[PDB]
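A lone chain, given as structure tokens: the form deposited in one PDB entry.
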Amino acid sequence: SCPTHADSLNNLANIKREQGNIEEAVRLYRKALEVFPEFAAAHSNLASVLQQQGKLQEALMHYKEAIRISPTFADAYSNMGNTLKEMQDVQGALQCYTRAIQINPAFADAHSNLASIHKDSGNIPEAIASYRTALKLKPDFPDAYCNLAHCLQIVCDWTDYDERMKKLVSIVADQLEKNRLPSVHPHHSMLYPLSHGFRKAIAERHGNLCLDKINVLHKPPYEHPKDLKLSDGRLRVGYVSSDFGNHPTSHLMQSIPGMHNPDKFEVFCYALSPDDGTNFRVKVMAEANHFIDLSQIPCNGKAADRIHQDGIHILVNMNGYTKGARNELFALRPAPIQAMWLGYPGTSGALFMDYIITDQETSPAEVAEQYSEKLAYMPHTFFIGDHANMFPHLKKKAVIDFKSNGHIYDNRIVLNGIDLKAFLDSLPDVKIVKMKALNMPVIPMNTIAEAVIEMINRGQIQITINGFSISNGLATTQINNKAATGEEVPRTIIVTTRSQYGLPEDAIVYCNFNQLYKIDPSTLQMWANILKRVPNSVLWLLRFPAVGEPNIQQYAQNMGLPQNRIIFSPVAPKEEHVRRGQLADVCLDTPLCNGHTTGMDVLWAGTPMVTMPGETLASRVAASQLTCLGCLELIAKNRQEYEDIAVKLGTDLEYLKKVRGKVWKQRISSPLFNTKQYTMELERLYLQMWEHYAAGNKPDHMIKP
């Protein structure tokens, strides 16, 4: 006679929940618990709804109850683990998942959640193993399948790549059509060939998650400022980010807040992360007009209240669908204008985002349908890097002519340093090669060059020559850790050699320092063609992660490349990573997802970068950087043009010297690394948006001055 009154109420609550009547769902659940307090299923369902609402504490209460009533409730163990994981109790979530797997060895969801924990912690083989186990238990598991696909992309395991991609598109279509949450994360949707509508829709659903979480607050709409009267005519701009610290975003824009014009702007910085003690956070705190630690205010309602009370006119989302994001603050709309700027290379798909700050090269109006927001164009490029501030020691270089009778090489033994000129002025016979006010000094093979090479070869940390401090490029962390992270400018003269990284002393070096997930079989095919067409040339990659290295090599061997044609290096500290890019000849950008910060890094080294812009924002950033640089010859309209440009740079050494010098000059001459100019143009765009809103208009595309 299984049906009871409580069973009926729990069902009716399930129906109202699938209808989207979440409040009626919780009311009916609670009524069912009233009829039957020891109703384990009602406890579990109410806990699931509460966890979806963000009421994690009460949800954990109800999950623990439901598991008290039914100790074999494996699903309740798995969902309690999920709630504890959302509460940052990773140990408790792990225990929940393993207890569920112990109780029911056939339960796939717990295996998938364990794989999720492994993947979050960086154990990709373990995550792959547990995802495979879950899919073996439950072959139709879209979440496990998509997460496994991302793990394989991370490690560059392209076995059955085409079938995997087609299944991914089919799964996304099926879940969109059935109004379930898509199993592909928006940040990953740029790596798969979905329609631009598919990517926009995934972004929309993930923003709807934030909307559902903020609805429980029942906050009224905020009264937004209609003029700048209360702020002395200053536009109040608040940058919201979890990356004020040692994070790439700070490496891009840390100088921007201090360069804002105080007469017309008031700069607020809302950190979603605690102080990590690094100089990036210190700089942002000390240069912004106001720093607000929203990490002390976990309640999205109260943090949105603080943003509103500060009187922000333009709120800037620099997190998007990345880690540490709190888009719930933006879903509460505490500011009249809300704009996506820098950290997320994609659309938010969400209504609470008015603008996305981009440029004509990254997002031409033709593809304005990819983005839910209105386009707000920067004059040259929306990308910026702080390299001129973080690494001024790479503005000039010098080399040693190790190969006694060797035409001058610019990237085999390189020296950098703030005091390099004084050191060279202490040297007897420095030769000065003019590059067509810019020049490269060359140290001939003296006892001094022999001492430097001995320091490099013997693996010594540092030496002294004529009272000057000479440092091994591999020993920066041992000399000044702050210098290695980019928190400080190095105070010694650093030596970087190809011998340090196994690069050919006599061959062309193609480099790509991006995370290996940006590589797909088509990209490796193009690189293989380029390597075949250029003799002795090698490709320089990073162990990013190291478990991806064998995969690449295996595939590279099937295409006819010996293991010696690809040189892998470990990931280095930031300063060493940017510095060692000088050793390469040409960088080959990933077409599937361009190197964005990596592109800035390689261009700062003076290394020409070849890109093929795609359709997604992430696939066109390198092209936009190259246009802003003034190097249109490095942008390819197709795969064949990409390969042709790469092999021309590799084989025509005079053209290679010309283009390398062009990049070496344009990285200073162009606005690409000019943070003051970028801040001023961003201020122009800000005032454009504010005047458009102040005239009573709804947000619209902002192009032309």
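Only residues modelled in both forms are compared. Numbering follows the first chain given and starts at 1. For the two forms, the rigid core is made up of the largest set of C-alpha atoms that agree within 1.5 Å on superposition. First, how it differs from the form deposited in another entry.
- Rigid-part membership, decided by the better superposition fit of each C-alpha, differs between residue 134 and residue 99 in the motion between these two forms.
- When the larger part is held fixed by a C-alpha superposition, the smaller rigid part turns by 6° between these two forms.
- Moving regions between these two forms, defined as 3+ consecutive residues each with a CA shift of at least 2 Å after core superposition, come down to one: 23-96.
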The other form holds:
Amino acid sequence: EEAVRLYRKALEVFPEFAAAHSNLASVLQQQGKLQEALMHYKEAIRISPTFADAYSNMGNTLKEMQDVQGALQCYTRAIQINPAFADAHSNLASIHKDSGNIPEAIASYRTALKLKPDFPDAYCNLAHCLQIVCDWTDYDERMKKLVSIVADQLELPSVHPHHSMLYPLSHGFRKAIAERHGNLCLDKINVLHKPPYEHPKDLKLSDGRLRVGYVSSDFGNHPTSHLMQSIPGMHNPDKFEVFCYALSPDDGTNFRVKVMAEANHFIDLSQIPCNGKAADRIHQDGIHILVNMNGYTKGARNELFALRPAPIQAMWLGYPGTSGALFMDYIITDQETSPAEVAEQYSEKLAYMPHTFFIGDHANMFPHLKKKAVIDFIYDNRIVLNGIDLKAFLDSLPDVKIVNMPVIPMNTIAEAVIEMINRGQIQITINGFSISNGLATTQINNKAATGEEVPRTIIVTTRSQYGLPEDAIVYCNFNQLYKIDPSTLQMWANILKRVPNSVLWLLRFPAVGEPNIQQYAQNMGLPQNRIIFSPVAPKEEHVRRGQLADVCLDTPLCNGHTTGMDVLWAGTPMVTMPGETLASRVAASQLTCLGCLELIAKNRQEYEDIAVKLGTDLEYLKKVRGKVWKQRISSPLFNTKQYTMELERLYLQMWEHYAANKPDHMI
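For comparison with the form deposited in one PDB entry, provide the form deposited in another entry.
Only one chain is given; partner chains and other molecules are left out.
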């Protein structure tokens, strides 16, 4: 704030001061004034045409305005002017990173570190890049060094809170990191001189209904909607009123459509870009509990929560960690992910949901996967059929043997099916029905593939489509590869050597980490026929293809979150080893809810034993599969209604307390 005042006087004193133009421009760029910022930077450059530092900071602004090509020309021009300019290289690399050119990002990060060898920001950024591709050279050094960089800075931390969970920090360190990010949001809002807000201490203006405001930049196609899209419309209108605050433009999707149609009030904060004016509106709506569903994730506008427009402010489901900030009062969680014992990682108090804070709209979005049929030469997972009108088709058939899983005998029906898969042709007609190839969903109905529409054909899923073997156990992990580390790959390799008849199924997420994974795998005595890769698939293909797997091996470091509920939905047991950080206790929470305590491992030996057991004790696997396949329907896991209602109980609980006392832990 006072920097601005200074600089304008510096420019009052002296009209022609290139550095102070550039300095003014950088602080206007902090407080969001991108156009004005950009103007002063060109003044600086007009004064001094070889001002590398302006060009580099101009590029940053252009990147923030989403002018990516202009930011490119700016960074390059600063590197031309001064080829040993460390920041131009760091910044350049960060564009390459956001475009998914990680090899070219890594190169430019290196070049920075060579030029200015103590440059903490660029080290941590490179370290995340290395994580993304599963490059683990000097891995132990790296980790030891990131703890170091952070140790130092604490006395702004160069490791992002959404990253801090992947590295061996202390929980004091992870909290501390989030604490200095939350603090930075306050320093942004205090510029606005805003008086404190006067909060309802009553429900009388609201007609006896609790006003709950849900803020998310992901009401649209993003994992957030894929999990909670039915929550607003399932709220009880008699006792609650729902306000949805989108932080992003309408992305066009049926996910966005649902939330706008179903909420009682939908407010687009993307056109109220000023945080003061936007937090004014939240207060004017009269919100009682305002829920944060971003934490430190792409889109967040935590400044809205930094100004305090609601008496109660809660974190929920979009952020797998602490915000570290005193403007957030609760975190909605459960005892199985955030045990009372470990409450002191979290700056916020702990609000317990009764089973798992995690939800999924799979019940609603993929209901063609509630029931299945298989084709013969019996295996539940080699050649699979799913359809809304599957039953009708089965009953159109001469012969079918229900074991309850219907089974199609190998006839001229099953020949035309498997030859479709064989040719890679899109679809066929049998008895007037659509029989469609699972590899071709986007061709047939795009919105079906994205999960915007339930599919309206019968879809065929086979291991042959993925190059999975028809006579061997399949392990999968379907996450982004960044969550695999050395230890984890070691565990999987162990399992793979005890179970000779097996393949571990991974994805090119990204494909540029595949050679690494396989290299490191082969250092552990594992041939290249053993780990299979296939590409990332459009949403519905993903969830469907989990049917081909036998068992899914969860990443202990950071669990499948969305990816977890995805695999459970296909009827595939997941083996997890819950760690310490909330991101490592999720798959375990989901399984406690689902009711498979048998799949939750206490340590590595336990983990590997569980999964080797599952891959050799075949009837134990038929037992466990059977148990998961029924319990996804019969347990609270996928039950958005039970979820919403119990969530409603927890909110009233939070109101009653504030109605009297200050925020305190919830059971």
